[PDB]
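4 protein chains.
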Amino acid sequence: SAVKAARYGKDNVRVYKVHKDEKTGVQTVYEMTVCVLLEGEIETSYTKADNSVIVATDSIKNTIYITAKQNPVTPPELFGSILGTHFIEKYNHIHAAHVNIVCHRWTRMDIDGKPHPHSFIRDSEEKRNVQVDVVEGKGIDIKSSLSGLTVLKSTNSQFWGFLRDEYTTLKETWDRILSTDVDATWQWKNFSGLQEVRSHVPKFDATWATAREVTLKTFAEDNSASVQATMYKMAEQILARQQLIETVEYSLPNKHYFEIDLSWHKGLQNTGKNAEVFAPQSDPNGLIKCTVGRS
Amino acid sequence: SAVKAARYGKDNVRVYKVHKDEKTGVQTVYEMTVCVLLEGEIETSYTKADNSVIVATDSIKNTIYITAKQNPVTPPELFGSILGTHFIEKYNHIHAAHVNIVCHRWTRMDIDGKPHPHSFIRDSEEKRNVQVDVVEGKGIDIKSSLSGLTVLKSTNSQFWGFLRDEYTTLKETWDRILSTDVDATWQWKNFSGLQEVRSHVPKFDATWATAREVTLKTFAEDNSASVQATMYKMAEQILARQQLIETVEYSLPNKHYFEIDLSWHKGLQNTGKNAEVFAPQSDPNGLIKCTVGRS
Amino acid sequence: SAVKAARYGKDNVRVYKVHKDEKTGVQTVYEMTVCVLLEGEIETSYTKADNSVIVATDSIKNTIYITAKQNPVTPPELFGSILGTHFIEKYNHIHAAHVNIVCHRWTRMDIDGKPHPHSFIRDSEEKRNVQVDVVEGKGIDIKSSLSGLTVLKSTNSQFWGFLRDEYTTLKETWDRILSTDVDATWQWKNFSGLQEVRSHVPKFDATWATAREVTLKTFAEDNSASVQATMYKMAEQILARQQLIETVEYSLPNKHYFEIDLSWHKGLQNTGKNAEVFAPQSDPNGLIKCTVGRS
Amino acid sequence: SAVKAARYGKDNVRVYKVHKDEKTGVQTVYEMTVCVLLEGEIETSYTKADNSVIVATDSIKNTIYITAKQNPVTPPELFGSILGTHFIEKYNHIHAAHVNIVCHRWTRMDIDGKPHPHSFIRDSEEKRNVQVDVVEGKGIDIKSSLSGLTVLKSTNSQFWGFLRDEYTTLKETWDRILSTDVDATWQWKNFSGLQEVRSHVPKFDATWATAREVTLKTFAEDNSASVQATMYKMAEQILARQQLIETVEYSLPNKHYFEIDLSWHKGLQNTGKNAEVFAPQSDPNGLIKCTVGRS
Ligand SMILES: O=c1[nH]c(=O)c2nn[nH]c2[nH]1
Ligand SMILES: O=c1[nH]c(=O)c2nn[nH]c2[nH]1
Ligand SMILES: O=c1[nH]c(=O)c2nn[nH]c2[nH]1
Ligand SMILES: O=c1[nH]c(=O)c2nn[nH]c2[nH]1
Ligand code: NA
Ligand code: NA
Ligand code: NA
Ligand code: NA
Ligand SMILES: [Xe]
Ligand SMILES: [Xe]
Ligand SMILES: [Xe]
Ligand SMILES: [Xe]
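Residue numbers (PDB author numbering), protein chains in the order written: chain A, 1 to 295; chain B, 1 to 295; chain C, 1 to 295; chain D, 1 to 295.
In short, the hints are calculated from the structure, not lab data. Heads up, some of the hints might be wrong.
A pair counts as met if it fits within one copy or between any two copies, since identical chains are not told apart.
List of simulated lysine-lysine pairs, DSS-like, C-alpha gap at most 27 Å [as the list claims (entries may be wrong)]:
| id | residue 1 | residue 2 |
| --- | --- | --- |
| 1 | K48 | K138 |
| 2 | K273 | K20 |
| 3 | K4 | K233 |
| 4 | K233 | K266 |
| 5 | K4 | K273 |
| 6 | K17 | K233 |
| 7 | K4 | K289 |
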C-alpha cells in the first residue's frame, strides 16, 4: 500500500476580532470559524510514525490567532490568502494550504434611528464564506460564497410542460409557492500570489454585495418558469458584472409547500384559486444545481 | 396505581397561511409551528384500553388547519385562544387545551427601496411565541414571548465585586464583551374567555414590539454591572408600559468570549487594553434567570 | 416592581472522569454534562447592582470539577446530591441548588469476544439523566430518567374505536407500525439529606436498569391498543418493583410511518396486507404523556 | 454564458421497507434516506425555460418508492445500482445518475436472551452509506462507507516528536486520551454494469463488516503514535483483505480532552500521572485525512 493523498489540520477554530476607532469611539466586530488543512511531504507521519514532519494542529490554531492579531481579517478572501501563504512560505515541506472561513453576521444595531457605536445583532444565520487554496508554484485559487439565505415568494412561480410518463403524478401548475435556501459560489480567476490578491481587494466586498443583490432581485422579479430557469438568470447577471469571475455555481433546494384539500369538511374550499392554508414539507426536497461559465 | 396527570395531542404541526389583498395585489404570509395538547376525562384510554374518549391526534391536526382556514392567524395570542376554546367547547369530556405556537419570520423584501408585494426573507431565527392554556371554567391564561434574539456588545459591560473564596479564579473586570440569546416571556392577566381576549387584540402586537424595543435599547445603553442588573432594568420597564402584564421572565445565557494571551510569541500584546483577538467559547455558559412582578 | 423568583448558575459543563484499577489495569470512563443553578438571598444583585451576593458562575464551574475530583461520580443521583449539598452548606445565603446531569454512554468494547481494558464506544445517543433539587431544611428531591431510547415495532400495534366526528379522517387499523423515542422519569420519595441518599445508593443503578428493562419488554410484547394503554402498563410495573418511587412519568412521541398507495402505477399493491414500503414522516407527530402514582 | 455542469433531483427521501417471513413469522426492517441526482441533455431547461427535458423531481421520488417495492433494498450497493441504472436506461437524454443512500440502524431487540421477531432498537447514530454513480457507457462506480462511529480510548495514545518552533506551545505526551468519530470510505473497482454488481453481491456486506472490525480492533490495540499512524494501519489491513477495493479513505477528527490543573485549590493534584478529571473540548478539533491505495 501507498499514501495517495493526505491532508491534516485544525477545524472549527472560532475567532472574534474587534477594531476600535479612537477618534470616533466606534467599534466594529468580526467573528469567523476557520479551518486550515495542509498538504506536503508528510507521508512518513502516516507510514513510519515519523512525527518530525508534523506541524502540530495545536500550532496551526495558534497561528490562526497570531495572524488575525497582525493582519486585517476583512475581506475574508484577503485574510485566507495571507493565512494560507504563511504556511507554504514558513515550512519547506508544506506545499499546499487549504483555508475555509465562515463569516457570521454581527450587524450594528440602530437605536432610535441612530447606529450604535458598540452594539450588534445577529440578523439571520446567512453566512459569507471563502475557500482559499494556496499551492506552492501554482498561485492562489479563491471561491467566495453566500449560504443560508432563505427566501419565499407566494406567487409568480410556475411549473408546467415537464415530461409525463407512467412514473408521473405531479399536476402542472401556473401558480405556486417557491421557497429555497440559497447557496451561491463565485470562483475567481487564479491569482499569482498575495501581491495580486492585494491589488484586487476592493472587488471582493463589491462582488459579494452584487451577488446578493442580483440573487434577491431576480428571485423577487422573475416570473419563474422553474428553479432551473430562474437560477440561470442569476448566474448570467453575476458573470456580466465582474470580469474576474470565471464560474458561478448555485445549489438550490426546492422547499415544498403542499395544498391541503379540506373539501371533506363541509365542502370547505382550500385548493387552486381558493388555496390559503398550506402544509410546509420538511422532506423530501428538490435539489437543483448548475455551474455557469463563459462561452 | 392511578393516573395522576395526563395530556396528549399533536406536536410539530407546520402551518402556512397567505392573505391576498385583491385591491392592492399585496400578499402577506404567516408561518407557524403549532402544538395542541388536551386534558380531560381520558384516564380510561390509559387504564382500560378505552379509545372512545380519544379525539385522535390526527383529528387535532385536521382541526388546526380548518381553524386556520376560518379565522385570522394573527396576533398568535388570538389564534391560540380560538383554537384552545374550540376543543373545550366541542368536546364535553375535554376540560383543558394547551396550545403552543412558534411564529417564524417572513419579512417583506425591499427591492430598489420599495417593499415587494409577494417576496419575503427569513431575517434571523428569532421567534415570537405564545403559550395559551384554556381551562374550562377558569378562563384563558396567555404567556407571550420572544426567543432566539442574539446580541453582542464589545464594551460597556463590567463584572467586579463578586464573592471571592477558595473556589474563585475569575479576575474582576471593568471592560468585557457581553453576548446573549434573549428569551423573554410576559404573562398576561387571566382573561375570562374569548370575548375578553378579542377586546384586547391591539395590545398583543404593541406589547411584543415594546418588549423587543426595551430589550434592545436597554442592552445597548446600559453600562452593565452584571447580566442580573441589566435584565432587571429590562423587566421593570416592560411592566411599567403595559398594565395588563402580571410578570416578566428573562432567561439569558452569558456566552463567554475569552482573551487570548499571545505574549509567549515575541511578546505580542493581546490582553486587557491591548485585547483585539478573542476566542468565543461554545461551552460552558452562564445561565441567569429572573421573574419580575408587581409590588 | 419586585423580584418574584431568581436563579442563576452554569450550564453545559462537560466533565470526563477516569477510574484506573492498578490491580487489573482495567480503566472505566464516565462522561457527563452538568448544569447547576442556585437560589437564595440574591435579589440585590438584580435590583441594586450588588455583586457581593454572587458566587460567580465561573466559580460554580470550578466547584463542579473539584467535587468530581474528590467524590465518586456514579451513581449520578449520589454525585448530584453531593454537589447540591455543597452549595447550600458552604454559602449561608444560598438556600437551594438545582443540579441537572446528563450521562453519556461510553460502553466498553468487546474485541475478539473479550472486554477491552481501556477502549469504549458510544452505542447510541440514549442518556441517563438526573434532576436533583437540594433545598435548605426541606431535604433532597431526585428525579431520575432515561431519554433518547428509540424503538420501533413493525406489527402488533392497533388503533381503533376512537371518537369519530366531522373533524375525523383517520381510518381504524388493526395492524400498524409503532415507533417512539422514550422519555421516562421516576421520582423518588423525598430524602432527608445526604446520609439518607447514601443509604439507598445500590437502588439507583438497579432501578434505572429495571425501568429500561420493563420499557423494552412491555413495548416488544404488548399487543398495543394505543400508545396510552402500552405506556400505562410500563409505568404500573415500575411502581410495583420499587417502593421508594412515588411517581413515574412517560412522554412518548408517536413517530408516524405512512402507507404509500402505488396502485396508480400498473395496479401495484402496497396497502393493507400488501404494505411493504412506507414513508417515515418527520412531522407532525403525536405526543402522549402520563404521570402514574400510587392509589 | 454557458452551462458548464448541471444536475438536479430529489434529496432527503425517507424510505422504510419491511420483509415478512410467513414460515417463521420473523420480520426484518430497513430504513434509509435516499438522494438521486441526474445529469444529461438538460441544459435547455436552464437556458430556454424548456421543461420538456425535465423528469420532475416528484417523479424521481415516486420512482424510488416503486423501485424499493419491486427489488431488494439490501445490500445498499445493489439497490443504488438498480436505481441509478433505471434512470439512464429509461430516459434517452439522461446519461448519469448519482445515488446516495444513508442506512439507519434498526437492530433486532433481545428480550430475555431471545431475538424478538418484530421489535427493533436504534443502537447508535452510526450509518452505513453508499454513493453510486451510474454513467452511460462508463459503468458503475461505487463508494461504500461507515460514518458516525464514535470511540474513545483512555490510555495507549501518545504524541511526541513533532516539529517545534516559535508557533508551538503543545507539550509532548506519552499518555493521552484519544477519541474520534470515524468516517471510512472504500472505493470499489469500476463495474461494467448491473450484471457484474450482482455477481459480487456477497462481498458488499462482508467488506462492510471487515472494515468495521478492522477499525475497532486497530483502534483498541494500537499503541498509537499519532492519529496519522493509527489510521494508516487500518487502511492497510482493509486493502489486504479485499482485492476488489482500489482505495480506502479515512477522515478522523481528534476530539480533544484537556487536563484541568486544580493545584491552585489546596494543592490538588490532577495533572500528568494524577490526571483523573478532564474537560472535553467541543471545539476546535484536529482533522486528519488520508487516502491509501495500492503500490
Ligand atoms: O495525533 C495527532 N496528530 C496531529 O497531527 C496533532 N497535532 N496536535 N495534536 C495531534 N495529535
Ligand atoms: O396510539 C395512538 N394514540 C392516539 O391518541 C392517536 N391519535 N391518532 N393516532 C393515535 N395513536
Ligand atoms: O454577569 C455575570 N453574572 C454572573 O453571575 C457571573 N458569574 N461569572 N461571570 C458573571 N457575569
Ligand atoms: O422548479 C422545479 N424544478 C423541477 O425540476 C421540479 N420537479 N418537480 N417540481 C419541480 N419544480
Ligand atoms: Na513550502
Ligand atoms: Na369541554
Ligand atoms: Na445555605
Ligand atoms: Na440514457
Ligand atoms: Xe430560484
Ligand atoms: Xe443582558
Ligand atoms: Xe408505547
Ligand atoms: Xe485513530
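Consistency of the hints with the structure:
Taking identical chains as interchangeable, the C-alpha atoms of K48 and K138 are never at most 27 Å apart, the minima being 29 Å within one chain and 38 Å between chains. Taking identical chains as interchangeable, the C-alpha atoms of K273 and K20 lie at most 27 Å apart only when they sit on different chains, with a minimum of 11 Å there against 56 Å within one chain. With identical chains, the CA atoms of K4 and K233 are at most 27 Å apart between copies only, with a shortest distance of 15 Å across copies and 40 Å within one. Within a single copy, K233 and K266 get their C-alpha atoms no closer than 45 Å, and across copies no closer than 40 Å, so neither meets the 27 Å cut-off.
Taking the shortest alpha-carbon separations for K4 and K273, neither the intra-copy value of 59 Å nor the inter-copy value of 39 Å comes in at or below 27 Å. In this assembly of identical chains, the alpha carbons of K17 and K233 never lie at most 27 Å apart, being 37 Å within a copy and 29 Å across copies at closest. For a Cα distance limit of 27 Å, the shortest separation of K4 from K289 across copies, 11 Å, qualifies, whereas the shortest one inside one copy, 30 Å, does not.
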